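All chains should be modelled from the sequences, with the hints used to inform the complete structure.
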Amino acid sequence: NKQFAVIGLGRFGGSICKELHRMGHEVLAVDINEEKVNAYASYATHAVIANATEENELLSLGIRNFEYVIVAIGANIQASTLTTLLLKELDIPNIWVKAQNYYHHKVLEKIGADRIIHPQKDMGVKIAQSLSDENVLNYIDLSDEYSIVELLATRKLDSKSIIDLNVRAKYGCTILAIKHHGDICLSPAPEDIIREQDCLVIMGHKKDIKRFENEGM
Amino acid sequence: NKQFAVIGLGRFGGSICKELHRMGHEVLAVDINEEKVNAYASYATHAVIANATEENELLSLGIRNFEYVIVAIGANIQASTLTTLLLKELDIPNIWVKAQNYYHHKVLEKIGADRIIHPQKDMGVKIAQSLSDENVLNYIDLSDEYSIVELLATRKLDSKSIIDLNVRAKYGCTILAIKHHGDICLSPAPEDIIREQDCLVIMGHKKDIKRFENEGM
Amino acid sequence: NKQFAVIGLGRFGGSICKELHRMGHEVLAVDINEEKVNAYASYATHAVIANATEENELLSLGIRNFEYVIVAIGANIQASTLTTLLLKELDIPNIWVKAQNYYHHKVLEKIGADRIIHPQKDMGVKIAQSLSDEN
Amino acid sequence: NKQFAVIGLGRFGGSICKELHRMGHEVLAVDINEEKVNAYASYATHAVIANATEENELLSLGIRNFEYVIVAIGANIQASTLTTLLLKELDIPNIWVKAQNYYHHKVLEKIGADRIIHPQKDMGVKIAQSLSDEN
Amino acid sequence: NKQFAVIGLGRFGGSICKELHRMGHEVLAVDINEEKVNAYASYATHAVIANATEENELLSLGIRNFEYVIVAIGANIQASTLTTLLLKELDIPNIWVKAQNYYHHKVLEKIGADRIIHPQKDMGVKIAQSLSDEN
Amino acid sequence: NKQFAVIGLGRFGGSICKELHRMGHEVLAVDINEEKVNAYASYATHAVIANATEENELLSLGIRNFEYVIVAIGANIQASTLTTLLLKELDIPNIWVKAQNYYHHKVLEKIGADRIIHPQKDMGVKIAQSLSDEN
Amino acid sequence: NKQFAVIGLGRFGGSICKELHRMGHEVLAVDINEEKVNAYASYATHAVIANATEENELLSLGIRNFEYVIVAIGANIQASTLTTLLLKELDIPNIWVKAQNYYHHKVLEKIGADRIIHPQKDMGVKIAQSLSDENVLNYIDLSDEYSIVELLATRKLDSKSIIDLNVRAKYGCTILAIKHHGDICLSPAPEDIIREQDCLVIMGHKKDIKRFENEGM
Amino acid sequence: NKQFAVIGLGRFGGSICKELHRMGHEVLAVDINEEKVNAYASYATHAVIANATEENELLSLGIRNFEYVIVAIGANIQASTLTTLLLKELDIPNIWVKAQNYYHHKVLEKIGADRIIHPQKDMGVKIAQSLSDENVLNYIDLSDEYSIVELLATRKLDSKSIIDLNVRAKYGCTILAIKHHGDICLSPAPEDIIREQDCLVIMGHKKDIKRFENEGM
Ligand SMILES: Nc1ncnc2c1ncn2[C@@H]1O[C@H](COP(=O)(O)OP(=O)(O)OP(=O)(O)O)[C@@H](O)[C@H]1O
Ligand SMILES: Nc1ncnc2c1ncn2[C@@H]1O[C@H](COP(=O)(O)OP(=O)(O)OP(=O)(O)O)[C@@H](O)[C@H]1O
Ligand SMILES: Nc1ncnc2c1ncn2[C@@H]1O[C@H](COP(=O)(O)OP(=O)(O)OP(=O)(O)O)[C@@H](O)[C@H]1O
Ligand SMILES: Nc1ncnc2c1ncn2[C@@H]1O[C@H](COP(=O)(O)OP(=O)(O)OP(=O)(O)O)[C@@H](O)[C@H]1O
Ligand SMILES: Nc1ncnc2c1ncn2[C@@H]1O[C@H](COP(=O)(O)OP(=O)(O)OP(=O)(O)O)[C@@H](O)[C@H]1O
Ligand SMILES: Nc1ncnc2c1ncn2[C@@H]1O[C@H](COP(=O)(O)OP(=O)(O)OP(=O)(O)O)[C@@H](O)[C@H]1O
Ligand SMILES: Nc1ncnc2c1ncn2[C@@H]1O[C@H](COP(=O)(O)OP(=O)(O)OP(=O)(O)O)[C@@H](O)[C@H]1O
Ligand SMILES: Nc1ncnc2c1ncn2[C@@H]1O[C@H](COP(=O)(O)OP(=O)(O)OP(=O)(O)O)[C@@H](O)[C@H]1O
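Protein chains in written order, with PDB author numbering: chain B, 6 to 222; chain A, 6 to 222; chain H, 6 to 140; chain G, 6 to 140; chain G', 6 to 140; chain H', 6 to 140; chain B', 6 to 222; chain A', 6 to 222. A prime marks a further copy of an entry chain.
In case anyone wonders, no lab produced these hints; they're calculated from the structure.
List of simulated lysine-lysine pairs, DSS-like, C-alpha gap at most 27 Å:
{"id": "1", "chain 1": "B", "residue 1": "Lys184", "chain 2": "A", "residue 2": "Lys215"}
{"id": "2", "chain 1": "H", "residue 1": "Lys126", "chain 2": "G", "residue 2": "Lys131"}
{"id": "3", "chain 1": "B'", "residue 1": "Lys111", "chain 2": "B'", "residue 2": "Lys93"}
{"id": "4", "chain 1": "G", "residue 1": "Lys111", "chain 2": "G", "residue 2": "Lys131"}
{"id": "5", "chain 1": "A'", "residue 1": "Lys211", "chain 2": "B'", "residue 2": "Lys131"}
{"id": "6", "chain 1": "A'", "residue 1": "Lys7", "chain 2": "B'", "residue 2": "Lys211"}
{"id": "7", "chain 1": "H", "residue 1": "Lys111", "chain 2": "G", "residue 2": "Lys41"}
{"id": "8", "chain 1": "G'", "residue 1": "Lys111", "chain 2": "G'", "residue 2": "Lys131"}
{"id": "9", "chain 1": "A", "residue 1": "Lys131", "chain 2": "B", "residue 2": "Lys211"}
{"id": "10", "chain 1": "G'", "residue 1": "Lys23", "chain 2": "G'", "residue 2": "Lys41"}
{"id": "11", "chain 1": "G", "residue 1": "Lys111", "chain 2": "H", "residue 2": "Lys126"}
{"id": "12", "chain 1": "H", "residue 1": "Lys93", "chain 2": "H", "residue 2": "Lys126"}
{"id": "13", "chain 1": "G'", "residue 1": "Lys111", "chain 2": "B", "residue 2": "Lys111"}
{"id": "14", "chain 1": "A", "residue 1": "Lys215", "chain 2": "A", "residue 2": "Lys131"}
{"id": "15", "chain 1": "H'", "residue 1": "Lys111", "chain 2": "A'", "residue 2": "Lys115"}
{"id": "16", "chain 1": "G'", "residue 1": "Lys41", "chain 2": "H'", "residue 2": "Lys111"}
{"id": "17", "chain 1": "B'", "residue 1": "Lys211", "chain 2": "B'", "residue 2": "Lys161"}
{"id": "18", "chain 1": "B'", "residue 1": "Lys41", "chain 2": "H'", "residue 2": "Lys93"}
{"id": "19", "chain 1": "H'", "residue 1": "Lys7", "chain 2": "G'", "residue 2": "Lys131"}
{"id": "20", "chain 1": "H'", "residue 1": "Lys126", "chain 2": "G'", "residue 2": "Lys23"}
{"id": "21", "chain 1": "B", "residue 1": "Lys211", "chain 2": "B", "residue 2": "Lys161"}
{"id": "22", "chain 1": "G", "residue 1": "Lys23", "chain 2": "H", "residue 2": "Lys111"}
{"id": "23", "chain 1": "H'", "residue 1": "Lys93", "chain 2": "H'", "residue 2": "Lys7"}
{"id": "24", "chain 1": "A", "residue 1": "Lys131", "chain 2": "B", "residue 2": "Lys111"}
{"id": "25", "chain 1": "H", "residue 1": "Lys111", "chain 2": "A", "residue 2": "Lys93"}
{"id": "26", "chain 1": "B", "residue 1": "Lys131", "chain 2": "A", "residue 2": "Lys93"}
{"id": "27", "chain 1": "B", "residue 1": "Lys115", "chain 2": "B", "residue 2": "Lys93"}
{"id": "28", "chain 1": "G", "residue 1": "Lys131", "chain 2": "G", "residue 2": "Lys23"}
{"id": "29", "chain 1": "B'", "residue 1": "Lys161", "chain 2": "B'", "residue 2": "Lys131"}
{"id": "30", "chain 1": "H'", "residue 1": "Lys115", "chain 2": "A'", "residue 2": "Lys93"}
Restraint ranges, calculated between C-beta atoms of paired labels, are given here:
{"id": "31", "chain 1": "B'", "residue 1": "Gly117", "chain 2": "H'", "residue 2": "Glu40", "range": "52 to 62 Å"}
{"id": "32", "chain 1": "B'", "residue 1": "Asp146", "chain 2": "A'", "residue 2": "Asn43", "range": "25 to 35 Å"}
{"id": "33", "chain 1": "A'", "residue 1": "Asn38", "chain 2": "H'", "residue 2": "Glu40", "range": "33 to 43 Å"}
{"id": "34", "chain 1": "H'", "residue 1": "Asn81", "chain 2": "B", "residue 2": "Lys93", "range": "30 to 40 Å"}
{"id": "35", "chain 1": "B'", "residue 1": "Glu40", "chain 2": "H'", "residue 2": "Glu39", "range": "17 to 27 Å"}
{"id": "36", "chain 1": "H'", "residue 1": "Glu40", "chain 2": "B'", "residue 2": "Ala44", "range": "29 to 39 Å"}
{"id": "37", "chain 1": "H", "residue 1": "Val130", "chain 2": "H'", "residue 2": "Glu40", "range": "51 to 61 Å"}
The C-beta atom is built at its ideal place from N, Cα and C for all residues, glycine as well.
Pasting the structure below:
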């Protein structure tokens, strides 16, 4: 199918490998720690003990073969950098590397990493958003002003109809989906009911959605 | 407004504090490392050097007053645990704690943490998804089967109309938004054009969207 | 007869193991320190070197079989806690744990220890009783 | 009534002092750690900050007057030994000392401790008894 | 004449600065260690305390003006790399960097160092030559 | 031909050993770090793991036989000094030692090193010469 | 002859063992460090690796047999104390122990050490004496006021006769010995010559000897 | 008077400083350990916290002024050596240094130490001598063969006269002093009595004195 190499079986890397394997892709799980290799042996096609900074070992893995190589080492800067460098000289098409700090990001950038990821930082932003605002479950920003938001229904919204909550006119926003007890209703008709604790998917302007949150729920 | 305490100014915690401060909330940034306190001094209301495991220091902070306290210590299990326990005994309403592994999650759960977060793991799942599928830019899962997906337009979609790409009947999915050169089109009419490299927002069943990705783009 | 597991062969744990062995019960003496295992080899049925916080080692001991498991680690809070949690998830009937301080007691309590003991403290109470009353 | 000196306000020593105080005996609570003195101030007749290994401080306490002196220092062997020694040379009638291990027990024995206690070991025996017999 | 910037006043860098100064070139001696700046104050045109990894400080030095910049930091790999990088993005014509090991050489190479020097290795070759031939 | 001993397989020492071996001289490569010995195994006649400060090991190497011994340890002053002293007492004809700073140079001088080298410093002089004069 | 056990082959203990062996006495050199046993193997009757704090090893040495046992462990207080204790319970006649500090001295005293020695302290006193007074080579105090002193002859005393330096009347002191180029003259007659740099042995009152040092040499 | 610097307030150095101070000399007590400085504050003219290996601190002490500087650091070879070298370059007249082993002695020698002392070794020799021979209390060697010895009187010597014990003819040795109950008799006449447990001071050849010990006492 497509070949993936996950170097460094941390929480982040390990999650990558496990999830990728669940999708049924060819995933090579590489780690210097034997116990890590033993741990993710069930969740990969091939799990190998290797020092990714050692070139001959990298050739012994046959890493040149892979379309995507992921350096999920984000604590040991030298290891990460060196590995990424090795992969670059070996003409790997896509090199995605986990970064620790802004400067590690810089060195990864300059030695030609294709994509650099900061997991804890970004998730930090997200959880912070959820922190200042206990309401929102999830969201995606379409632009600086417009956004699609996933909301947890409160005791203002139980047994209320879509026509009752006229968001399309009163607030200029549109409801896209309702999730009730795992069951899912896409682009629901105005007769449909929202029960409390259900997932509600609204779409519109940020300030408008906030308005609806305030007076509506 | 509402009072927030961020204990542990790492990447995750630090991001929390910085972002929260950008929203204009009262954020107390607490850390045992002096340099961390000095670093986030600009991005908080009050930045204090404190050992969060030391109770008298915790009273010196006056943490009982705060609605939300965040333990963003995820490397030092003992520190995190001890701190969370301290906060619980001090009757803090909402305690959100960063966890490292499944068992640290367990002990946090058992000592009554209100919300436990695994940043690297979750972000790992996400980036893994982006890894197996170079196309998807972003997404949100409405349920186990249904999802809203943001897609990067290829040359197969250039100069194509919404009515030309009949997703609502042929694939059972619905287009929600088109982002062209930063400009944004919400719930676009069938006459609208999609140019390549633009952001496309489709909504529907996972496999159906996959199907559309396959034959359409 | 009845199966007992004593994890942590200190003075306290070691005393438990030695005494129980004197009563003729099946006692598994577990310790990470090799010299401890060697020391109480005579005073147990089976004495094993194991890291009780490592799950696979805990399965290698076959601890699920035991009716009573005693965590006599009272200096290393993290070890004690982690181990107790491991035993709880492994559905051990009776988990008795040695505690150091009030908060270690709290975390043991919350992760569902069946009995928590403070040996030195209680002994303080006892010796005080003996002091007030020489009889 | 009878005068007791408790040197070292740990869990064990602290328990001794607190309990003896509940039974209404004259108990002098001595500790080098100020916060310990502050903690047991409510549970003693006189609570003093003192380095029990320093002789002049021991004379400043007026320890020669006391019938019973209890050395509840069981982590710091040197401190325990030295203190016990000071008390012995000062002709104290009854010196009861908390011991850590068999050899600290030995040195306490040889410098003439009147009663040596091993809290964790003995309590180990007890809790083991409680284990074999849930009643 | 020609402008030289020597970042890192070690033995190697310091020698560069001192000697260049003896030949009468405009040499800016930069160091984070104040005492190093004080030491080579006599042997430079301008000696400045600066963190060469901090960009705003690098602009405060006005390093863009210089034809040659020498990174004589060879113990602190991160500092060396970061500084060299800063200089590269600032379009410096000639960047000569002291390297520690083969891989630091590699990263310097990839971030586009113009000349990389290994003092101990090369000098090793030389002294070896002097050994085989005493003349 | 002529026998050379290179103690300390760094970049500098390693360079000496490698180059000398390329010239086809009998070179004994000695290092306390096993991986170093393994690294320069191809570039020497005999590569041995040895603690050069330990005299009996130095006799086990049979270092008295060698005309030239090179101490290429320039980070660990104590090791360098102690080794040089050992070699001097063992009546080695030519002892060339890598030095770190002026005082290490002084102590090497006083314990009678035959030649003291400062590689990085001198290299500083050289690169400065090359900078002033691009030709 | 007489049997000696030297436990702990340090500089002090090692010197004891070596010197004792030079006198031709039966010396058992005991140490836990193998290399120490190997080092003093030539300078003892029997050199054994043993943990002197372990009782069964002490019986394996047969230490009960020895008239004198010397604990020359002065860094490791616990080891020293414990060993001394072991020897005491085993009814060793003479136990001489090296001490580190005043309190280690105390515990050794109370567990019944027969002789306690402080080498560095005493030698410290001596070298200090030599420090304030560059003249005196050696001495022995007969009492608070009276002493026998060994002096290094200066350029005041060369080619001077004993009758010339009338110490017995002018200073009340008496010359006992003259050491010239290793050759030795005991209780010398008044005709004898003292050459410079020779050893001179005077006897008398301290202040008087000082007087002679001042005006005489 | 004369100025002394004692660097390193150990047992040896500390004893030096204390004793020197008792003699009423100007003694500068230098140590890197603050508590050591605090301890010997009473027993010196000036007690200073200083790193003796740091040159600028050594100039801050003004050590160039002192006639005698003593390096009593004998555990930390590097510190001792570096310090001694510093003092030498600073043209100090007399540098006396405590040594640990033969090679530390060698390096001190080569960097031009004026006097090198081995306290534990020498005291070891002495105590060893007292060990093989329970009789000798003290002694001084005049040469390889001749010596002055202080002896503890046994019951064989009780109530015996100097003329009764004819050492001057029978053994070729001469009695110099008798110490009875603290009272002291210098160069005693032949009528004088020696009572047991008294101090006896004999002078002569080593083996001759040994002979007298054997048959006499
Ligand atoms: N040079 C190397 N070669 C191969 N594997 C390595 C190398 N260096 C580190 N690893 C492995 O990569 C993994 C990276 O995790 P690390 O300990 O760096 O923390 P992290 O990746 O930031 O945390 P996590 O990924 O668990 O959130 C480690 O488990 C480690 O065993
Ligand atoms: N006992 C403690 N009391 C107060 N602060 C602490 C304590 N222990 C750690 N911290 C601080 O909390 C922060 C937590 O970051 P840590 O070094 O644990 O990595 P992390 O938080 O897992 O990673 P990230 O930087 O992504 O958050 C650190 O900056 C540390 O200084
Ligand atoms: N993680 C662990 N796994 C296995 N054994 C352990 C672990 N931690 C400690 N132990 C062992 O448990 C024993 C407990 O003794 P410890 O040193 O904790 O003193 P204590 O238990 O507080 O007091 P006592 O010695 O009277 O029991 C020790 O001998 C130690 O070797
Ligand atoms: N030399 C000393 N002089 C006076 N007090 C001391 C001295 N050394 C220790 N202490 C005090 O005596 C107390 C003895 O407790 P320690 O820390 O020795 O543990 P412990 O007593 O064995 O534990 P527990 O709390 O179970 O009794 C301590 O609180 C300490 O402050
Ligand atoms: N980030 C930095 N910014 C500015 N100056 C630095 C930085 N890092 C190190 N320096 C300075 O540069 C100098 C480089 O010397 P360093 O300590 O790295 O040893 P070196 O240069 O390899 O040794 P040598 O003296 O042989 O050159 C040091 O004096 C240090 O103070
Ligand atoms: N006491 C010792 N005995 C034997 N080998 C040693 C000893 N000390 C250091 N070495 C070895 O000598 C080599 C010297 O390299 P070091 O790490 O000292 O850098 P350097 O010599 O200053 O610079 P370079 O690496 O360029 O020679 C090291 O590889 C080290 O393993
Ligand atoms: N428990 C023990 N059993 C046997 N030998 C021991 C024991 N502990 C220490 N030793 C040995 O006794 C010797 C005592 O020397 P230590 O290291 O204590 O310094 P020291 O005796 O004060 O110094 P020195 O005697 O060299 O002047 C050491 O060489 C050590 O190997
Ligand atoms: N670099 C240094 N600069 C200044 N003082 C030092 C330095 N290193 C050690 N000292 C001090 O010198 C003293 C030397 O004693 P050390 O601990 O070396 O044992 P020692 O002198 O061999 O034993 P003793 O107590 O018998 O003299 C110590 O008290 C220490 O604090």
